[PDB]
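Just the one chain here, the form solved without this ligand, laid out as structure tokens.
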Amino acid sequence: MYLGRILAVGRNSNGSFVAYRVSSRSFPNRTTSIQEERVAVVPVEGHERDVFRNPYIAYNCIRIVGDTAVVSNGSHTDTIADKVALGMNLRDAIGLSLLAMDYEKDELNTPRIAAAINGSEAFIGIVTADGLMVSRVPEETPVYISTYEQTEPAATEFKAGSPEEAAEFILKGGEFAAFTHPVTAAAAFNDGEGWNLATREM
């Protein structure tokens, strides 16, 4: 039931979205700082030195580039977002980034997961010690994936009509309530009039 970092992507009757959640046992001292077209996962007041021992705990988890929302559990959020801003299709932007960045070199070979959505398409991917998988997000249902256990996209009836609702849901809502060690979350939602960011602190 410990999935580590989790992300969800898809469309509802209310709009499209991207949701991210940090689950952790070793670094509970982190929060999500919202900014202009970007949400970063950063250390809490006083724990800013934690990044020099573990370089995987600080990074942008959500980037908004034009009509596209990008989400991931690491610095590859920028790598992917930059390629989209430069013109690369989603499938390749995620594929190229994950292939090059690869899994994280920690005690668990923590996979790098990501997803991206624009007005008409969405892809989700993961890179592990055993492979690279980037796949189209089904038009029928939203999906989620995590660094541990659920290392394959899985369907989800994501309920939300705003970024704050989306963040809350991946944090405590529905099936995610069961996944342990919640730390913090973030999300981007597009009601059809643009992307809006929001966060939630357990």
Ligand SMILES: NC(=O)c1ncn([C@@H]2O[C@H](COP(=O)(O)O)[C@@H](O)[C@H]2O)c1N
Second form
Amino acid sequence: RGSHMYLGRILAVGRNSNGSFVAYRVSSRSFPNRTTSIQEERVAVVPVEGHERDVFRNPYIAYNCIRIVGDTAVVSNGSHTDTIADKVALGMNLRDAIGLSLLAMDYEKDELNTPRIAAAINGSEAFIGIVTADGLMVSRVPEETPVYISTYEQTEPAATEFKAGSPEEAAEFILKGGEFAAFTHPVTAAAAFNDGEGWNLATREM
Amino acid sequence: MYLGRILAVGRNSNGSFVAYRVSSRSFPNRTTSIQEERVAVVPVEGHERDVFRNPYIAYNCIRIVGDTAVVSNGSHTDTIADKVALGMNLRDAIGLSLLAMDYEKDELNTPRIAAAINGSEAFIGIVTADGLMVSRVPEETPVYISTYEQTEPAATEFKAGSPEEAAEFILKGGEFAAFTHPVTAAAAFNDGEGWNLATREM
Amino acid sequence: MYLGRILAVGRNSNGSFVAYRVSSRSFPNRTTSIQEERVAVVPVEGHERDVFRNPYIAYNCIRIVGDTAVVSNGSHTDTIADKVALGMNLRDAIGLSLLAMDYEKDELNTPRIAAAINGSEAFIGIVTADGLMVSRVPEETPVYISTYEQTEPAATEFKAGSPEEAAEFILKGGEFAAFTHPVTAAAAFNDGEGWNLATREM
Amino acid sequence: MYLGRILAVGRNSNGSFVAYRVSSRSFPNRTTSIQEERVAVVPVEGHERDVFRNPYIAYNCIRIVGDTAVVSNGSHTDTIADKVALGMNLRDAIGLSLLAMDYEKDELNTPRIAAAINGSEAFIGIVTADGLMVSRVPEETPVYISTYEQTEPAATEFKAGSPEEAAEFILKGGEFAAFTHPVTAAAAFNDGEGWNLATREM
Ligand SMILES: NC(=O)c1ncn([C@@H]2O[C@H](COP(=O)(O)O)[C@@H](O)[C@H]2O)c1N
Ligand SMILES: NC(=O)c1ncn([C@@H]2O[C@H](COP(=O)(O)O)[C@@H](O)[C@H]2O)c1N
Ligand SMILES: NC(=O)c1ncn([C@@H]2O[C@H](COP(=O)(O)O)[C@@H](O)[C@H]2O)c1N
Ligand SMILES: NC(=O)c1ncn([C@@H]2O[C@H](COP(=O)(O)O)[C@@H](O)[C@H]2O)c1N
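Structure of the form deposited with this ligand bound (previous: the form solved without this ligand):
Let us now look at the entire complex, which starts with that chain.
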């Protein structure tokens, strides 16, 4: 609880007065040598130059954290981002797409049984989910307020006043803004924002 | 106050168990029936027809497979029990079944709830129009969930030392006495020598 | 020669369709019933009781959801149609449902078969004690599958220009005339103006 | 003539096994590596970078979990093995993983194939843009499948009495000698005293 301010990987999703969004932040202790990279309609969490090797030491440190498929934004702390986005692309409602992926992928097999978390949002709805050694949960994001979840400590949706009017601001906020400023070991962050004219990506370093 | 269908699962000083209770307004003409290693919620004599009016009112609410007890408010009881029987951990068996079956397509989008318990662990789950949830039942305390209102696990001091008592308790005992429209209930208890079934009417 | 429950799906010069036929030995006291956008296989008057003896004899064999027709030999018809209704491509909808429901737990491990078809594509699938299979129906030709013997898609020249004809054909027409113990059949046809239902008795 | 990634599974007079072979044109700079109870297909020194160009070229092709051997052409090897480890029959473990993972999103929609074998049974499966298939491997004979051309189980007289021989055979032996672009292979054999791993280069 209280003295444990290290949430590990964090993601937020929802809508505010300026538009819809998904934010993601990498918090790490054992692998801080990483950054976010923007590529065609996706943001990848990858090793910074010199540490390419790391992906061979740990299979959970490199993955697309954000995938944009049509009007849908997908965010997750691992390779399941692709699993989910692909299902949405091929036609599958958000809840099931997240549910099926997490159920199959399951929690990560590391020394902490690190959970797999994810969220997806489109024009009319948004869902957030997590899978751990103790269970599986996927739930509708209340339209009334953005929420966030992490792999450690905050392993269930938590309401948050996420103020941001662009992907750059969104990424900066989950990295240093509001309640997120208190969560330790920030490394890198990324976000996708949609003010109505489409999904835009952005990244932010410390 | 009207929770609709209710189920509880967990362990107490006397043993392990699953309890189930039918609460209904539109279909109160039902009872529980014990058959080989399962308890079915069925129409009382004269209303056989009902199953043809509504496809969610008749189903096995309890299935015993080996050392595992399965309880649910619908046909997914069989979907889950079958997977356990064929080898699948409780969490996934409940998760896969609920994900596929989904909430019931009635005027209320009535959720599908379920729980399963064996010698070492127990899980409880629910699927609704707003999501899916399957979670480990804390060994420290029994829990219960319903299709309406109490749509998330809630701790309960479930005192019972037999299937008969367990069934009677979810039907009229403790906090359950306040939940309206009781119709019928059933339960499975295991004091260590195996699963036993029982039913209780109002 | 006794294939048990049979279903066909595909397109011909007159339109798209799904046909279903009940072949039975132990439960021949059944018929098809048309209700809102679905066809149910149910007991004929006097045998309502049967559904309580065997849980696999009564179920919707056909469900129409928007531009999609779904057909299957069991309750998974609803599981699949619901997923399509909520947005899920045909292949996955059939795949997920069969994977979860699994083969029927009777003395024969009777397989669960299904097919779904819409404006652009169609899929057919089956799940048995030996595996799971879901595949794209070739646009070049209609196919059919059964719970016994013909447990894999088989091409068929399915001539029919209406649901009535389609139902009659899978019941007595072509190659289907040779399959024993026909009881009842139903079908859904779409000539471009929408899905229409029909049933045919012996 | 070019089958791409290939895997075989089954039993012969000497024991049980799973073999895997990487055939490639665009990425031939790879080898197999043995680590604790698993074999990984990885880039040879100097090409570490490749994994960042294509996400489907590096993955564990073989995982041993207890008495079970798992083989696949991609990261789903871990998805399947993990489910078996946590308790899930082989058919479902392969089915669920393939259904979720789906075919690879490359310029060829490269299928995901897999197989798993333990003391009593074995299953093989594949998922492609046209469908999903998981089926019981006949005990009477070993089978193999590939991502291209041979996209359905094919019987094979797989002679081998050790992991080394098994790996060598799928790489250059029998019918496999005719399949083009061999790069590296690996295998797991169980003569009754446990699973042993081995790799073979050209
Ligand atoms: N998703 C990630 O970026 C990630 N980074 C690390 N991990 C897992 O969590 C473990 C501990 O991470 P850390 O010590 O940075 O909190 C790592 O060893 C790995 O197994 C992840 N899931
Ligand atoms: N589980 C049950 O026994 C059950 N009984 C009814 N129902 C569904 O809930 C609806 C409302 O039931 P009630 O009026 O008992 O609250 C019914 O129309 C039906 O769709 C059930 N799922
Ligand atoms: N789908 C059906 O209509 C059906 N009817 C019967 N059955 C199952 O197959 C068994 C054998 O049926 P029959 O004797 O008609 O070949 C029945 O006892 C039951 O378990 C079915 N699946
Ligand atoms: N599993 C593998 O080893 C593998 N190697 C390559 N591939 C995918 O198949 C594509 C074509 O492979 P190739 O060019 O070797 O026939 C590659 O570009 C990649 O997308 C694989 N799945």
